[PDB]
Amino acid sequence: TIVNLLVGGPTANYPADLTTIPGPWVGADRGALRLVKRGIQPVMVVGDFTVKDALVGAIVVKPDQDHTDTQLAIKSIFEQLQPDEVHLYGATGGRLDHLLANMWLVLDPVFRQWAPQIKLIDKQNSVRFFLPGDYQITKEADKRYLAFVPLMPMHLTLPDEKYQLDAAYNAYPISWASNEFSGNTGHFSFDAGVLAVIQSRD
Amino acid sequence: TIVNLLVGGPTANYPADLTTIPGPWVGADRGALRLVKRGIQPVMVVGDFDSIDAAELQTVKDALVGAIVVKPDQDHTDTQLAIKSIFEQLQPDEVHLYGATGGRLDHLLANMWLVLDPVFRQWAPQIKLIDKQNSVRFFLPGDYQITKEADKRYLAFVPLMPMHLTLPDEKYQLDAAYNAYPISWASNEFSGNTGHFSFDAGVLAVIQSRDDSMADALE
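Those sequence lines, one after another, are chains A and B.
Residues 3 to 51, 61 to 213 in PDB author numbering are what the first sequence spells out, letter by letter.
Every position in the second sequence, counted from 1, becomes a number in PDB author numbering once 2 is added.
Don't read these hints as lab results, they were simulated from the structure.
Just so you know, even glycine gets a beta-carbon here, dropped at the ideal spot from N, CA and C.
Please note that the accuracy of each hint is not assured.
Distance ranges between label pairs, derived from CB positions [as the list claims (entries may be wrong)]:
| hint | chain 1 | residue 1 | chain 2 | residue 2 | range |
| --- | --- | --- | --- | --- | --- |
| 1 | B | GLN76 | A | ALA182 | 16 to 26 Å |
| 2 | B | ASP177 | A | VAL121 | 16 to 26 Å |
| 3 | B | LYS130 | A | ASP177 | 47 to 57 Å |
| 4 | A | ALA178 | B | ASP77 | 13 to 23 Å |
| 5 | A | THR61 | B | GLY68 | 30 to 40 Å |
| 6 | A | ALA182 | B | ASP177 | 25 to 35 Å |
Turn these sequences into a full structure, and let the hints guide you.
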């Protein structure tokens, strides 16, 4: 099962008509209002808020003290709805501080356990996160570029991509943008931190 | 001397008509094509412009005559090479990066983390990232004072590397807070005209942002 979470980024970055994206929807802050405005009934709304009307059929989660509403929404989704995956929409564009918080959200030890189950999606990008190990990914038909992004120090190996790396160490965050798949699949291995993999298009 | 650098990001994120922005212009990759298209004569161009379209070859070649043309090297991205070349040949006091946001996320993070390289780190204090809703500044360890940008509403402290960060007078505060990985402390705000902060290591990014009032007013 997949739960869709909508945060407050610009609508111009949505990959498609949200009513077109299947799966239960959850909205945080502005995200909830935009889901409602689109006639979408959320299974859960996070924040302090037709709304009251849409909230009867939804699990309402008020803001707390230790979490951002986005972090709270993520934590609440996995603990209460318990899906296999959460697709984050509205997480890019606009305010950069929100964007970066969304991208580095899984670094916090409490949310890292879910890194493998969280994906950011917008019209030009798909973002997945990985924990140390060996993996195989497949090219997304509509994407041209592939990028490996170490969010923390690690030894990264890319044995079969257009550009490769042999247990390369990064002492700080780095974005190896503009790589590409040789064929339809590719492998990668790393021994620490968290790795973000981004497939993008123009 | 403010040197403006335009990279390949979406034009929708520009903060204004590029021709209204003062200071010499440098274009990297697609950025160069966009400057030429707007009638802006770049003082320098960085990127491979020889395997580009015949339809656009001559027209770009005409604009490149009066510009310093820097060819890609083997060690740097074109954006990094542009930054290195600017400090090397244009005697700038500050470098303002435009077109560094939106679009592809791998390029965006690359622009945000560019100054982390030990070599480029010496220029972090002089590189400012600018788009429609944001203005990003970078700092090296020490104590600082900043003021609120007139059009900005939000303030954010973004440690890019492990450090102890102290925020004593902002809406929200931190007392030697430690981060073991990059963190974006978003939505803080100035409490007064100025704000201060101190940190002991790594590189700190500071972001002043605003909402897109126009777009929000449409919903």
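Hints, one by one, checked against the model:
no. : hint                                 : verdict
1   : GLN76(B) with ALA182(A): 16 to 26 Å  : 21 Å, holds
2   : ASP177(B) with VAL121(A): 16 to 26 Å : 21 Å, holds
3   : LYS130(B) with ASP177(A): 47 to 57 Å : 36 Å, violated
4   : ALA178(A) with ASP77(B): 13 to 23 Å  : 20 Å, holds
5   : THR61(A) with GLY68(B): 30 to 40 Å   : 58 Å, violated
6   : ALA182(A) with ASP177(B): 25 to 35 Å : 27 Å, holds
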